[PDB]
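Participant: Go ahead and model the full structure; you've got the sequences and the hints to work with.
There are 2 protein chains.
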Amino acid sequence: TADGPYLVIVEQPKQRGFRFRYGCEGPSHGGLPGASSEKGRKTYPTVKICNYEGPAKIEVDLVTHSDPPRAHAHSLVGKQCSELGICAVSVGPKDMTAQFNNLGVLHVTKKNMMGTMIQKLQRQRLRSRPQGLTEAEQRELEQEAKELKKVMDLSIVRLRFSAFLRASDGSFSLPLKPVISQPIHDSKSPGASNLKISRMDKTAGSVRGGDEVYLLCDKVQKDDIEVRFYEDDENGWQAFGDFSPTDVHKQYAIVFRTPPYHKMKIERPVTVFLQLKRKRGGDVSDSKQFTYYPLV
Amino acid sequence: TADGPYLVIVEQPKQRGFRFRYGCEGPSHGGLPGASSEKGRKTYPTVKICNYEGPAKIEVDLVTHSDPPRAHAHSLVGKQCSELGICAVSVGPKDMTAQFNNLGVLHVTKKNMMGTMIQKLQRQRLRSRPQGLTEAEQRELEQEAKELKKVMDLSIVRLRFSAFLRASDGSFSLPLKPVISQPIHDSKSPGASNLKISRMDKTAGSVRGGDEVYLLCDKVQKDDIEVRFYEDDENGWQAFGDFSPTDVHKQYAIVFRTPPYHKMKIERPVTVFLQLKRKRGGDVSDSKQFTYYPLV
DNA sequence: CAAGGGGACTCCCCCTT
DNA sequence: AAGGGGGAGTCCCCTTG
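Which chain is which? The protein sequence lines are A and B, in order.
With positions in the first sequence counted from 1, the corresponding number in PDB author numbering is that position plus 33.
With positions in the second sequence counted from 1, the corresponding number in PDB author numbering is that position plus 33.
Quick caveat, the hints were computed from the structure, so don't treat them as lab data.
One thing to keep in mind: the hints can contain errors.
Stated by the list, open to error - Below, a sample of chain B positions facing chain A; criterion: calculated Cβ distance under 7 Å:
1) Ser231
2) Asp234
3) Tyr247
4) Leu249
5) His282
6) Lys283
7) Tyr285
8) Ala286
All C-beta atoms in this analysis are idealised placements derived from N, C-alpha and C, irrespective of residue type, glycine included.
Facilitator: What follows is the structure, given as structure tokens:
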């Protein structure tokens with residue numbers, strides 16, 4: 034069961050909106066916010082130790098998106114942080130919640146990746162033999178690095194919180210179970226981010242369809258994009274906008290013809306939803322309302 | 034025109050649509066077309082020697098956009114061309130026209146600009162002293178390069194045709210006047226492309242204006258773009274679209290409200306033009322028609 | 001391949017406060 | 001400067017023939 038002391042993520046990071054920064058760009062470009070942040074009501078990743086009150090140390094580090102949680106080529110930078118990418122905070126005996134309001138992600142160069150990665154692999158399995166390392170092991174350490182650089186997603190990271198309860202000594206030597214956050218996408222990384230409908234020229238139509246709408250959106254590859262018109266309650270009607278890739282303008286607009294509603298001769302207007310859908314994927318835009326009107 | 038023999042550009046290069054290629058990208062990415070090219074009917078830069086029939090040699094090279102024509106950091110690459118960027122063709126005594134259907138522009142790196150530059154300058158003022166060069170002159174040769182690299186536009190080039198009449202010897206040793214073409218813009222270079230109206234949602238209105246139009250365009254700068262609605266008669270009637278920069282969507286759409294026509298209570302619809310205008314500049318889109326209708 | 005095109009990786013900036 | 005953002009280089013790739 035839960036019974037023993039455990040860490041819990043009180044407020045997860047934003048899965049979508051964060052830009053990873055390269056070494057060149059700067060260290061002061063803004064902190065990884067919470068999933069609940071708004072331009073004014075800002076929130077930061079928070080975690081809490083439950084089933085214990087007292088002095089404690091929580092540390093965060095970047096791990097892979099892969100279930101087997103291996104350390105990431107990327108490093109966390111900030112006021113609280115080590116050079117190895119490890120951020121450490123102290124919870125007072127009163128307040129067992131730790132906020133991380135200044136977390137940045139240093140984006141490793143593909144020319145950098147292996148050296149930066151063996152450095153980490155060293156630091157990590159050098160306490161396993163603290164005097165030195167064998168060439169045999171250093172050959173095989175480079176072997177992990179290589180096989181990891183071939184599969185490693187540099188667009189997606191996960192925060193890993195490792196909580197440590199300070200003992201009687203003064204030593205923060207007791208471990209808790211490590212808690213991994215949900216994935217974090219690089220917003221300035223290849224597409225597949227948050228589909229957005231900025232505005233559309235019409236929000237209404239006849240039940241017949243064929244009415245041409247100009248839809249302004251965030252970047253949508255002609256390849257992977259549709260215009261899904263659906264009702265959710267009513268056993269899920271679904272139909273699509275009538276557009277050729279030529280009709281998707283510089284990946285920021287769609288000129289499409291509305292589809293007909295499933296049931297003609299409706300006595301009165303029927304409100305439906307439309308949304309962007311990646312057919313290749315399954316992601317969706319924030320859906321807007323559309324009204325279908327009756328005939329003559 | 035000069036009585037003596039002279040070159041004339043029969044068909045100029047396309048001022049607008051050509052991409053300059055970097056060394057990495059490839060050598061086979063398409064030839065600099067004529068100002069008259071279409072996707073069916075393709076045309077290439079052509080020049081002719083007039084006021085002479087016989088064997089002759091025409092060579093093309095890239096010169097600065099600056100009126101005093103200096104050799105450009107960029108080089109011409111192709112089937113006909115030298116490593117120094119100089120393309121050479123031979124006109125037989127019958128046909129005194131030279132077509133250049135395979136001209137590419139190698140785009141120099143900013144890290145390689147000075148070296149590539151001193152190389153064409155050595156080549157150029159090494160025939161002025163063909164045994165060697167003085168360090169003093171090589172100090173001052175580097176001085177030309179430096180002062181040129183400060184002011185050189187790497188987005189704009191001009192073709193320079195140098196025609197040479199073969200003499201009795203067999204030597205193509207007689208010069209004609211060199212003819213410089215109109216400027217050639219890098220299409221994949223910063224801003225300053227052709228304002229284009231892709232499509233608009235409405236082409237019509239009431240004389241009253243205030244009708245909202247969604248216009249899809251090529252990239253425009255939010256601050257320094259406008260929507261000029263004008264009548265061709267030098268009466269000048271001109272007015273503008275109504276929109277905030279917020280209304281210019283990801284620089285590829287404009288949502289604006291039509292202006293009122295100058296003269297209300299017309300009894301017949303009046304056709305006007307609208308166009309994009311850079312107010313900062315004076316560059317215009319290809320203008321589309323708009324119809325103003327009467328009231329109630 | 002030729003003849004086009006489009007879209008990442010690293011970096012370099014600018015507006016706002 | 002802290003806390004956002006878009007732009008620009010050079011490159012590394014895709015359409016159709």
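Participant: Hints first: check each against the structure and report whether it holds.
Facilitator: Outcome of the hint check:
no., hint, result
1, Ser231, "holds (6 Å)"
2, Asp234, "holds (5 Å)"
3, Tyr247, "holds (4 Å)"
4, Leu249, "holds (5 Å)"
5, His282, "holds (5 Å)"
6, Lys283, "holds (5 Å)"
7, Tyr285, "holds (5 Å)"
8, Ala286, "holds (5 Å)"
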